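Asker: Here is how the chains run, residue by residue.
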Amino acid sequence: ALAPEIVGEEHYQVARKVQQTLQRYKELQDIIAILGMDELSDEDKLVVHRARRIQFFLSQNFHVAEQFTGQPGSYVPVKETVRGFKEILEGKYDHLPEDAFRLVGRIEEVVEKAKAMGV
Amino acid sequence: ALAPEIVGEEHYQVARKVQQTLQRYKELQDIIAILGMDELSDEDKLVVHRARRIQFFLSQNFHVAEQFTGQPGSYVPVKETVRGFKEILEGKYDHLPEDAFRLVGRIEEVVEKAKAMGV
Amino acid sequence: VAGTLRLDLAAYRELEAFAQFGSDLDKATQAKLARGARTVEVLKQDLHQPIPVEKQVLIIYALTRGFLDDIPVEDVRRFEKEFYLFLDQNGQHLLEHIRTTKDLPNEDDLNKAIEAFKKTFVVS
Amino acid sequence: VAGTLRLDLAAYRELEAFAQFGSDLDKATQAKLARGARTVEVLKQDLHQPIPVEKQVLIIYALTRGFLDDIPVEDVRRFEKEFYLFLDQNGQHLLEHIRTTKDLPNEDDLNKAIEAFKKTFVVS
Amino acid sequence: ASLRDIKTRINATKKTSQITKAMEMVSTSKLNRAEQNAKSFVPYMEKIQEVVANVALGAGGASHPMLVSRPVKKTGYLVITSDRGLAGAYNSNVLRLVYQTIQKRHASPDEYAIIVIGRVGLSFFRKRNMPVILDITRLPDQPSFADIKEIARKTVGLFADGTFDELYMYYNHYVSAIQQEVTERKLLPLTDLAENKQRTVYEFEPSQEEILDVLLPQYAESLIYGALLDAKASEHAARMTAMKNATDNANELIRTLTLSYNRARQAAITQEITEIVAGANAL
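Residue numbers (UniProt numbering), protein chains in the order written: chain L, 353 to 471; chain B, 353 to 471; chain E, 378 to 501; chain G, 378 to 501; chain Y, 2 to 284.
Just so you know, these hints were derived from the structure itself, not from any lab.
No residue lacks a Cβ here, since even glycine has one placed at the ideal position from N, Cα and C.
One should not assume that every hint holds.
Here are a few chain Y residues that sit away from chain L, every Cβ distance over 10 Å (derived from the structure) [said to hold, decoys possible]:
id : residue
1  : 2
2  : 11
3  : 43
4  : 61
5  : 72
6  : 73
7  : 85
8  : 87
9  : 103
10 : 126
11 : 134
12 : 178
13 : 198
14 : 222
15 : 252
16 : 273
DMTMM-like mimics (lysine to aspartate or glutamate), calculated; alpha carbons at most 20 Å apart, straight line [unchecked claim]:
id : chain 1 : residue 1 : chain 2 : residue 2
17 : Y       : 128       : B       : 390
18 : E       : 409       : L       : 451
19 : E       : 432       : E       : 485
20 : Y       : 31        : L       : 451
21 : Y       : 31        : G       : 403
22 : L       : 369       : L       : 395
Label-pair distances were calculated between CB atoms; the ranges are [unchecked claim]:
id : chain 1 : residue 1 : chain 2 : residue 2 : range
23 : G       : 397       : Y       : 129       : 32 to 40 Å
24 : L       : 361       : G       : 443       : 32 to 40 Å
25 : B       : 423       : Y       : 107       : 29 to 37 Å
The task is simple: from the sequences and hints, build the whole structure.
Answerer: Here's what the structure looks like:
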């Protein structure tokens, strides 16, 4: 069902761009392990910076996961998650820490958690 | 039989320390295999320094093996063994060449043959 | 008390691999390593030595609140052993509270007792 | 044209893995990497968009003869699409000559048409 | 071991070998660049040496050649290292020699001082807490005079103010593509100017005590660059050699792993077919 005519052109584009970014992030980890982040370019440093945040934002809190976490779950609409991923790829939230995207849900929750942690 | 109430506390601690250093050296061997000892930290280089000497000191000359080589055999008491390994672990013999630990009895013979081959 | 320990170890999983070859300049990562080594050394236990849950909760709380962040890893092993005796000698009411009601006692009394022990422990 | 295309792709592939920091090794390596990336971009294709063999010949000729060496790799797909939408309007003689004789057209006319399209193609 | 484990090990070793080969090629290019840069500026050093040999006569009123600023005082130490590792024993040899010589030449941490080039030496002297004055880390891999002229001027000023009685520098010296030799060179006081042939006072000398005083900060820059032009070449050669060795080791490991993988594959096929046939003829 992941085709432009079925899921929408912008949805398909943002999903494929996220996939490409993650796959490129996978391509850099050996270089990072052997050399350190200092050998990367300013653009590739930004790519890794955004890719870690995307990977953490792919996580979610489940209602049935209360038995393991304590925190309640959340429901994320498709349009909301598409907009959030488009914003993250645009860079509106590069300044926030990567762990601010762990198990959150909406970007409206990412910003709230970032404010809560006192950064 | 390797229990603190059977062999003694100092014997138990010496054996555990030797095993710990050998395990650390075994872990490092993979990295030294490819990129040598130059990229190790100051702690890991000391670990290797101790571990090679311990491993060589575990060797012994047997009475039976006198047919294979002219050197006669040696019988080492357990107290002498424990004291020698404790002294090696404490760093009393880091300046001796590692070849001086091969196929000897008590720790004194290491000093004797190191003096024979040099200082 | 034990919710934080899973992540405290989990960070250590990657930080141990990275620290062998990384620059190691980030003080946040240094603190992560300092917490991970201490919790690893605390989780060790000797053969046939049971520990009641009322004292397990308190040693885990002391570890996770940061009270052990200054005690060296070479000393935390004896720190726990002395802390059990001190807790039995003075903080017995906290143990009774935990035994009766499964919840933690009030934090301020527990923090005061932990500080009173830390001001008596000898550091090598 | 495939004789040159195969050599270019093989040369790029034999050193692609070094591209991240193997750049600046030499001007020879730079051109090889630059043309290999454009070759890979050219060999991309959509789900249900087959193209005639004459159009394939034109695009491979344009790539091999170096006419793509100054277009950024982010616009090669647009270059191909606009090149087809320009060929079907202007290069009718070239397409018909290829379809009729199975041979390449006049190289001077090919170069003229390629430059005429290129001067009108927007870079980005 | 399992087939999947062996195949993953093979893939990881192959990617590491690719990385190492690329690094070796980069280092091989950098070595020639640095060799050209070092060989280019020999005539300038020859000219300054000739001028100093001509001018260093008469009274020699400049403090730098004539006399030690203090009979005994803190001795300055200048070391040249790299910014990142994977260069082999390049940094380790220099740091070891410096530490061993200062441990028995000086007894107190206020009897000496250290000035350091490179992040690894800074880290070494931070971990082993020692008195360090100033340092520079970020530096292009093809250095020029303007890049370290300021630190050269500052260290000359520290020597001239009387903070150091003597000043040595330690660096790696390029002998061949394989051999790097750690060199101790005494910088100040200036002593070993042998005589030359050229005419004295080639032009009218306004004053010896002024010409020498102006010239001596420059001669020391001719001696500091003669160091960064050799240490860079040694660093690049050491990196090239280390990456060559690492690639060879990775290739040997790949070969051995492939042999083990083939043995495991044959054993798995034999076991599977034997079990199939046993189950089939058990009925």
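Asker: Evaluate each hint against the coordinates.
Answerer: Hint by hint, here is what the structure shows:
{"no.": "1", "hint": "2", "result": "holds (21 Å)"}
{"no.": "2", "hint": "11", "result": "holds (14 Å)"}
{"no.": "3", "hint": "43", "result": "holds (33 Å)"}
{"no.": "4", "hint": "61", "result": "holds (48 Å)"}
{"no.": "5", "hint": "72", "result": "holds (45 Å)"}
{"no.": "6", "hint": "73", "result": "holds (42 Å)"}
{"no.": "7", "hint": "85", "result": "violated (7 Å)"}
{"no.": "8", "hint": "87", "result": "violated (8 Å)"}
{"no.": "9", "hint": "103", "result": "holds (30 Å)"}
{"no.": "10", "hint": "126", "result": "holds (21 Å)"}
{"no.": "11", "hint": "134", "result": "holds (25 Å)"}
{"no.": "12", "hint": "178", "result": "holds (23 Å)"}
{"no.": "13", "hint": "198", "result": "holds (51 Å)"}
{"no.": "14", "hint": "222", "result": "holds (29 Å)"}
{"no.": "15", "hint": "252", "result": "holds (17 Å)"}
{"no.": "16", "hint": "273", "result": "holds (33 Å)"}
{"no.": "17", "hint": "128(Y) - 390(B)", "result": "holds (18 Å)"}
{"no.": "18", "hint": "409(E) - 451(L)", "result": "holds (14 Å)"}
{"no.": "19", "hint": "432(E) - 485(E)", "result": "holds (17 Å)"}
{"no.": "20", "hint": "31(Y) - 451(L)", "result": "violated (40 Å)"}
{"no.": "21", "hint": "31(Y) - 403(G)", "result": "holds (12 Å)"}
{"no.": "22", "hint": "369(L) - 395(L)", "result": "holds (16 Å)"}
{"no.": "23", "hint": "397(G) - 129(Y): 32 to 40 Å", "result": "holds (36 Å)"}
{"no.": "24", "hint": "361(L) - 443(G): 32 to 40 Å", "result": "holds (34 Å)"}
{"no.": "25", "hint": "423(B) - 107(Y): 29 to 37 Å", "result": "violated (47 Å)"}
Hint compliance for this structure: hints 7, 8, 20 and 25 are not met, and every other hint is.
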